[PDB]
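One chain comes next, on its own, written out as structure tokens in the form deposited without the named molecule.
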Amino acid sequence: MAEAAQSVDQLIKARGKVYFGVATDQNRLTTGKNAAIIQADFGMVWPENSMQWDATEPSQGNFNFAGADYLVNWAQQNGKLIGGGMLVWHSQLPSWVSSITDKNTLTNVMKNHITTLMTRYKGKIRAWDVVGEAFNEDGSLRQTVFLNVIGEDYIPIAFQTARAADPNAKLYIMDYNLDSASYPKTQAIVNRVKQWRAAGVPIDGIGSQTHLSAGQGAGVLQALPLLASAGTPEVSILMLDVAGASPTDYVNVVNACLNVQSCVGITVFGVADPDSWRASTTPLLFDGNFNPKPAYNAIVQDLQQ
């Protein structure tokens, strides 16, 4: 009953991009047709939760890598690239980290978390989301424990530490609602990343978590070039999904990446609609029967060359 298809990963590489990827983890790989679809159609996998802080360091200095190892091992078995993260994020943070008020203590904790995770997989990981969701909607920095205890230097320090732990990895800052050039948040992240790179922070990429509502794909055609103007080596579309999964929206986002030389690829936030955090809007590229949806076939048509 499986349908004939083409790999969007193979097609996007033929157009000069690095990958078309997907978020997943052990329980998805064990169920449905996820592993088979990822094997056939996607070239990079990202851990949805198994590399988050609550999963990997549930108490200080006590690391748990079972779920992360599963994904890394599966990807290597199956010839897939691997992305990791998020290393520094206020969500899915254990309470013991929020307990800390001493600046030097939290710095050491953050640096240890980054170094331990990145060293375990040194040379194996294409890219790490070093800092995620650091900005408020108005463009100011989000008042997380890291900002409140360490200050603004937590971002410089996090990236310097990551570069040392694995110099081969691409180091990303990531955020959401960067989907319109008109947003104060989009302009602010660009301004701050330019200034951070002038301060020597090794921010290799900006990753735009592109959770779109219907019709918002068109806006990414202007938002992504604006993000590229920060001058980072790379940008990327991360955690893509689209309410309604209209082919027009999905093709607009793909074309945004094709239009930007620093865009290295696109990652979709899961395989099949029923597993989406917004499943009721059927926002992914495969349906509940694990068959490719019209948007998948529209991407395929757009990437033919």
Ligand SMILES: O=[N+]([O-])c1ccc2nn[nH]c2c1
Second form
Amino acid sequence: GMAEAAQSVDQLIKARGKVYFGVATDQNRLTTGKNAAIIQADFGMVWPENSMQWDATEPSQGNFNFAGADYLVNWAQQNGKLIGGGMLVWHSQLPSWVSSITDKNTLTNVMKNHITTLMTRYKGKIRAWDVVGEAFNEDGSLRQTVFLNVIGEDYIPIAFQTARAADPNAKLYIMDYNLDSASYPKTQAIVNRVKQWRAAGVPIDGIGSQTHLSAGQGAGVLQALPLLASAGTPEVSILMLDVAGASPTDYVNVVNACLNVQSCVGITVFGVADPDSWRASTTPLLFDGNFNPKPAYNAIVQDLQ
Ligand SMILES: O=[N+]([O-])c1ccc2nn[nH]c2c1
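Now show the form deposited with the named molecule bound, given that the preceding structure was the form deposited without the named molecule.
Next comes the full complex, this chain leading.
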């Protein structure tokens, strides 16, 4: 048929003892193309690209919109897929009403209410939440977001403690990008800070590495991911994965990094088909514009056998 025979990378990675091979998606994708069909066949977990971000879910203080998030949760449950959520605390997609707050107590209450409301709504149904995203500067210091500037460094401890109470079953992650190389200061810095936060009792269950790679950089993940795992969190994960050129070598190296790290639970790719990627011109995903698996997909299948 037009659809091509294939194997599920999610089925294969589970048979290797990992939890999932996942994909970022949302309602716009699930209703179009072959996205739903490919996700049903080949992936075991879904993450909302945008529908759980702060601008989508709490556009006005205390006025929540769960329509896109509900769609994804409902779709995942109906299709037997795990669900991840996030990002609960992130500077990038933040409504103006939040970034304009200057009172530390107010912003703390706002952040806690945002975390608690989103996590409570889906309590027991979500595998993992990305509680704090992109909290680090490239030099390893903390990024000067409204949360850091107004609340101070304690915002990370408070966010995680609040998330734990909202849904004790969820795995709570901190996530950042440019953690793909051991040579990079951000990688060692997040490890050191996470070690110190865990010594302070912060319930950081996971470090998620947002893995946007250019050609050849897969090999670096083989040293970076073990370094991330040395922070001692229960879990690490590869997330938002895409690879310029989608070389089988790079993708297989990332997969093998996860297989080589006992605490790595799985891998999430940043979409299904190349034309829908934020980097589409670099054809960086595992399915082409015809929704057929690319050589990198086949190479992952062969590596996971
Ligand atoms: O693993 N992901 O691709 C992914 C996509 C969007 C997200 N928002 N929060 N966490 C996310 C993870």
